[PDB]
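On the provided structure of chain A, position chain B with the ligands as indicated by the hints.
Protein chains: 2
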Amino acid sequence: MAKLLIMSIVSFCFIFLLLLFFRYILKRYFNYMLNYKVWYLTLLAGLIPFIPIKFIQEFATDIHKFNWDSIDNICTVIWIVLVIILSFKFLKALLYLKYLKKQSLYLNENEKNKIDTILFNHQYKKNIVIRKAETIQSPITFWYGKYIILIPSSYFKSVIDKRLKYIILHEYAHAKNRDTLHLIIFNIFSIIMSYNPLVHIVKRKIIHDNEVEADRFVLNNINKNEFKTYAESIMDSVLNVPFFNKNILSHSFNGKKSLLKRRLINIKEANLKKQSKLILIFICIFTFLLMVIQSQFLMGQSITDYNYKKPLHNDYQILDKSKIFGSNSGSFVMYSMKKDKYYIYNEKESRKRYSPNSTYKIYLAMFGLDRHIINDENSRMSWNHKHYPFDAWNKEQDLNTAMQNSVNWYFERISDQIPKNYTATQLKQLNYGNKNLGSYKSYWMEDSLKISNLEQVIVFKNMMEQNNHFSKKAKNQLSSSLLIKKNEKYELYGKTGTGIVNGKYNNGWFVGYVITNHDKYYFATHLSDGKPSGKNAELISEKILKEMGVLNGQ
Amino acid sequence: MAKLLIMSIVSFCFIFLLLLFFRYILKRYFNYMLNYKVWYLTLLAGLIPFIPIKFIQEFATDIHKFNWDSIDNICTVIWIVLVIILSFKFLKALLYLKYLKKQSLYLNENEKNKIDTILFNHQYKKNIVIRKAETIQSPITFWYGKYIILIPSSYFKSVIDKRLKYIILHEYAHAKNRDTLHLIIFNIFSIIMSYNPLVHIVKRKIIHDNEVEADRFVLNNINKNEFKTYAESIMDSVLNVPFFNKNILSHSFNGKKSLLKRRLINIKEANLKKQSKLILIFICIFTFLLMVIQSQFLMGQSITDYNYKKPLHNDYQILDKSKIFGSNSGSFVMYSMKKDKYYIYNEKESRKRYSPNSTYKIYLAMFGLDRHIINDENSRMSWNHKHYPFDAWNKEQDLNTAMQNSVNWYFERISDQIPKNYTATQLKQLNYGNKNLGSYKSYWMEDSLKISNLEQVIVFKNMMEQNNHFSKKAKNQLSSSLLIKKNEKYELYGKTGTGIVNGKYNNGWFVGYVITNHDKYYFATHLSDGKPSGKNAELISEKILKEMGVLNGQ
Ligand SMILES: [Zn+2]
Ligand SMILES: [Zn+2]
Numbered sequence: 001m002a003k004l005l006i007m008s009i010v011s012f013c014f015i016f017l018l019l020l021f022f023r024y025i026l027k028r029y030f031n032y033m034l035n036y037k038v039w040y041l042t043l044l045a046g047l048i049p050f051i052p053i054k055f087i088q089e090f091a092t093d094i095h096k097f098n099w100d101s102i103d104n105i106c107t108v109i110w111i112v113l114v115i116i117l118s119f120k121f122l123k124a125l126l127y128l129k130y131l132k133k134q135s136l137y138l139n140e141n142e143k144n145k146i147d148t149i150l151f152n153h154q155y156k157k158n159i160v161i162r163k164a165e166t167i168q169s170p171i172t173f174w175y176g177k178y179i180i181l182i183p184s185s186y187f188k189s190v191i192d193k194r195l196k197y198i199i200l201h202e203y204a205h206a207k208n209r210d211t212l213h214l215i216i217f218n219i220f221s222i223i224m225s226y227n228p229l230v231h232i233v234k235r236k237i238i239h240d241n242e243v244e245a246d247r248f249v250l251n252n253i254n255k256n257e258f259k260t261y262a263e264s265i266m267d268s269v270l271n272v273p274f275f276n277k278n279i280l281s282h283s284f285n286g287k288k289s290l291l292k293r294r295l296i297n298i299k300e301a302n303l304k305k306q307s308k309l310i311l312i313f314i315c316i317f318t319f320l321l322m323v324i325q326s327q328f329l330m331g332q333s334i335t336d337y338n339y340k341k342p343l344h345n346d347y348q349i350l351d352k353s354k355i356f357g358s359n360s361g362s363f364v365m366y367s368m369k370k371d372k373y374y375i376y377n378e379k380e381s382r383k384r385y386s387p388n389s390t391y392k393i394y395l396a397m398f399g400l401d402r403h404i405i406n407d408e409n410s411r412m413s414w415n416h417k418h419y420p421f422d423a424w425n426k427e428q429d430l431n432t433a434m435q436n437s438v439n440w441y442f443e444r445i446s447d448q449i450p451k452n453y454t455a456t457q458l459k460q461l462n463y464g465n466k467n468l469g470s471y472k473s474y475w476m477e478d479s480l481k482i483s484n485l486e487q488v489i490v491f492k493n494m495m496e497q498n499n500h501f502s503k504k505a506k507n508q509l510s511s512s513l514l515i516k517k518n519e520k521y522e523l524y525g526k527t528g529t530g531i532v533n534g535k536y537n538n539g540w541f542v543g544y545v546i547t548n549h550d551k552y553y554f555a556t557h558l559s560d561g562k563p564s565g566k567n568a569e570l571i572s573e574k575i576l577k578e579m580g581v582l583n584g585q
Numbered sequence: 001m002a003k004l005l006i007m008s009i010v011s012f013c014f015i016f017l018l019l020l021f022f023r024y025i026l027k028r029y030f031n032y033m034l035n036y037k038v039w040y041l042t043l044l045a046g047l048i049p050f051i052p053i054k055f087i088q089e090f091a092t093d094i095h096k097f098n099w100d101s102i103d104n105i106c107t108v109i110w111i112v113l114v115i116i117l118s119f120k121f122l123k124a125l126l127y128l129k130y131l132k133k134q135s136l137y138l139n140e141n142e143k144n145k146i147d148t149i150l151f152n153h154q155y156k157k158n159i160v161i162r163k164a165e166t167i168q169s170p171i172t173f174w175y176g177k178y179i180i181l182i183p184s185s186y187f188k189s190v191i192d193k194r195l196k197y198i199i200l201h202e203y204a205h206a207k208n209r210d211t212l213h214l215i216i217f218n219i220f221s222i223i224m225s226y227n228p229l230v231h232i233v234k235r236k237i238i239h240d241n242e243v244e245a246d247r248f249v250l251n252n253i254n255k256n257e258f259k260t261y262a263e264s265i266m267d268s269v270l271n272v273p274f275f276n277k278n279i280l281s282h283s284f285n286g287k288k289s290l291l292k293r294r295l296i297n298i299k300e301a302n303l304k305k306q307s308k309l310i311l312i313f314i315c316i317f318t319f320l321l322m323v324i325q326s327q328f329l330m331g332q333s334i335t336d337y338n339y340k341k342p343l344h345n346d347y348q349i350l351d352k353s354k355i356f357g358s359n360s361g362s363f364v365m366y367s368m369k370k371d372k373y374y375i376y377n378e379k380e381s382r383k384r385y386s387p388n389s390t391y392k393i394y395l396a397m398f399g400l401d402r403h404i405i406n407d408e409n410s411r412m413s414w415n416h417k418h419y420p421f422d423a424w425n426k427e428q429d430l431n432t433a434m435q436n437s438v439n440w441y442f443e444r445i446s447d448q449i450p451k452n453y454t455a456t457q458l459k460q461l462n463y464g465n466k467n468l469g470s471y472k473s474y475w476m477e478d479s480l481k482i483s484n485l486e487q488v489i490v491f492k493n494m495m496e497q498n499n500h501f502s503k504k505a506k507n508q509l510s511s512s513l514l515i516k517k518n519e520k521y522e523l524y525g526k527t528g529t530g531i532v533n534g535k536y537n538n539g540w541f542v543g544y545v546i547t548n549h550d551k552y553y554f555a556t557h558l559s560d561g562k563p564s565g566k567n568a569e570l571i572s573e574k575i576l577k578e579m580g581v582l583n584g585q
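Protein chains in written order, with the UniProt record's numbering: chain A, 1 to 55, 87 to 585; chain B, 1 to 55, 87 to 585.
Watch out, some of these pointers could steer you wrong.
As the list makes no split between identical chains, a pair holds if one copy fits it or if it spans any two.
[Claimed, not checked] Taking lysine-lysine and the DSS-like style, the derived pairs with C-alpha atoms no more than 30 Å apart in a straight line are: (1) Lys157 <-> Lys506; (2) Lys535 <-> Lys417; (3) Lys574 <-> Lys383; (4) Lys163 <-> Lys145; (5) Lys340 <-> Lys96; (6) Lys54 <-> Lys451; (7) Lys96 <-> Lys417; (8) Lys207 <-> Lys27; (9) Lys234 <-> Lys451; (10) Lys143 <-> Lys277; (11) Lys3 <-> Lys340.
Rather than coming from a laboratory, the hints here were simulated on the basis of the structure.
Looking at chain A on its own, in the form it has when it is part of the complex:
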């Protein structure tokens, strides 16, 4: 529901921007102003969506969901705190102003005679207060319910400055316009709307425009001949003295910063000095070390998904089997144990590291067997009676079943029961791709562990013939669990399947080995285009393996 504030922000902004648009045009073409009261409309807009005017078998299955409500709970607390802070700041300022008010003093007759001389031409209701002070360096004013104008006593002493009449007209207009009343009203609203920072932008614009209107007023009551003087006189007020911004809830002649002002202050002040160079030196040293620290951990690129770059250690040949892949564009690798030679189709692609998906079960099964979580005599794993997508997964499984029916459940348990260090050790000895087992129990499926087709051939070959860091028993049960098909030319062992995301097949694989009447082959097929299904990867591998003589005994 915090989103509802976002919605009112958007509306608020639509209104704001439209109004802002007009403001620009009005001035740009006709020197027109938009009465700032219009801004109250955005404030109203700020609450639109806010106000809720909306006027047998047991079944069981898992649905993924995110809880975003705990976030709003956190945001709620923050908003509360912000209000507390903002409310306080308002109050602090207010208290001060009240305290000051209590110290103010009325004027004498001659002073009144002057003030009256200045404003009698307006013939207004004197329901405002003109007082003086011994505190403030320049005049200020604040509504409170009394409209009090405070002029430092020195300005009455220096009655002779003449320009006081400008000062009076200026403040008169501010009082007339109830500027500090509108300000505090808006401030309350802004305090409440802690969720929309734009409110602090519009208040600034309002304040500026209000000041402009006062200038017009004042000028409109002054003989133009004196405008030169006027401009100088007004300007002098921010030249002669420093400014302070304590009175955030009220109006004054010199209460805010500018870069110009900072310079002038800095100039007046005795600020010509030098420092030991050690300051910069240590800052740059420590900044550097931080940068180093960050560097130690901040890095990376698309390179994570890249291919295998090495030449081969055994003899090699490049293949062209593109006619077989057809619409299922992909890649393929085969290796002859007898010849110590690789045959590679579409090498640039066959080299790409891909998540192994279902083919990892070949290795995972081996790991479970070697670690004796599953053995030959008893290769079974338990389950938790939750429902699974295939009948094979709603049964307890042995290894033979689990491999051929790709039982993720079985294998989730196989992963769960094998130490990460073991898995990492064997991924390293096997030269298994990026050797990354992640932290996810099913790290091989559309996740962290990646291997190319070329690597998959090299790696499975190592699993059977070069890697002697597993017991023979593991190799043997795995072999039996991998048989797919046997006939008079070959024994085809392995496992196919596909990585599928949001219902689309993207990573079809078939990995294994072939015992033929003439040689022993290792292979890996991967499909990415067309319909890169499990069965298609299997069929593509077989058509190629037939052409290469693997499945023909040739």
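Only chain B with the ligands this time, still in chain A's reference frame:
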């Protein structure tokens, strides 16, 4: 990979904030200054994460994914465009300067004599050039490796200004510091870093300091007696001339705005024009209409999930069956057709609405049958050839199969083929909870449609016995499809199962009716705590139903 960009932002801000902090302290406590060149450190820090370093069935597994890649692709193009725009703007300013470079003239001997007198005791390297032009209302400077300093031709003749001396030193400082060059360099970089506003923001710190240092150079070479004069000279320029900001790439005495200046401008602009009141009126009207359009679409609420306070239209009593539920805290309702009475356990909970989940099928089957999408002679639905958690669903089903095995697949097709208006009309006639069927065919499973235990009792009872908006065929085939258990005392009809979210069992249900040798009983059991499984809801119901006479005929 936008995340690397995010890392860049983070790295930058860390150094930036650290540095900013240090700078604050230096000035805040001792008016110490740190050479702005340190800001290059943030730019450099921003490059850290961009270093590309690391220093036998067919199966597939369907993984849900968020596509953030299309977003980065789009964002990349945008980033490119933003760079182009910035480059363009830079160039246009540069070309303007290019023009000026071919326009101004060097100075004569006496003017040189004046300047040399000014810098006589400074003994600065003079590999700089001072030139004059009618195009300059106030002096400007630009690097180009030449230190091009221009003055108004208008002051050439001002033999008594006594300001040039300040002008020269001010200009000198900027030339000396190669401030313009540094800004050019920074501009290259900020053009590149289109994604992180701080890269441009920081320039304003640089610019301010550049001016500060120039003031120091000036003051450092001035008999303090005249410091006041210098300050007056600054303001004189501020007041005396308008500024223009074409030279966004260089420095000048009068090239920028300020609030003060705006006011001074306004004083000097006698824009004595009338503005019709229609201006604000129409703007306010249009704004209102904008608000109206948003309003008719913007409205939020927590109300959707509010349960009801509605009294019943038949007799009732409140139950306490807490020793049956035990650790499986939940709720329960039963209704007697002959007594016209409800029995409500833990009504504070039984009156809450939950998605019907596994039991919606009871009602959906009545609808599918009434519309004859499934009928008695042919109650079947087609299959999409996808695999599901239950063996029973990996096929085409009839109603009797589908009801007993909770076949959402079958029922999802039923949902698609029942006009939403018919479903909704009867959800309303039956008082089916929030009567919300969403927009999804599977709306009953941890989704939009919600109903209480009390309401399910009411709904089924009406749907089969009191509601005459459904056919006899529907009533009869439904009753058959719902049978789950029976013996010589009762026939128990109904269904059970549980909605599970992120692996946790949240909404367990058992809903049904019993036909006995005595009466007709309608009921619903729901579990939320403990292990709120379907079977538990069913077992709890059976224990209660026996006590309530439902399963015995009492
Ligand atoms: Zn004012
Ligand atoms: Zn400067």
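Here's how the hints hold up against the structure:
1. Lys157 <-> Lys506: neither (105 Å within a copy, 86 Å between copies)
2. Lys535 <-> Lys417: For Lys535 and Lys417, the Cα distance is within 30 Å both inside one copy (25 Å) and across copies (11 Å).
3. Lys574 <-> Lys383: within (22 Å within a copy, 61 Å between copies)
4. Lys163 <-> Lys145: Close inside one copy (14 Å), not across copies (51 Å); limit 30 Å.
5. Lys340 <-> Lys96: between (40 Å within a copy, 29 Å between copies)
6. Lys54 <-> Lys451: between (55 Å within a copy, 21 Å between copies)
7. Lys96 <-> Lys417: Both. Shortest intra-copy (18 Å) and inter-copy (22 Å) distances satisfy the 30 Å Cα cut-off.
8. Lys207 <-> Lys27: within (23 Å within a copy, 41 Å between copies)
9. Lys234 <-> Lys451: So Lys234 and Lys451 fail the 30 Å test inside a copy (60 Å) and across (51 Å) alike.
10. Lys143 <-> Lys277: within (29 Å within a copy, 50 Å between copies)
11. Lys3 <-> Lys340: So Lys3 and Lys340 pass the 30 Å test across copies only (26 Å; inside, 48 Å).
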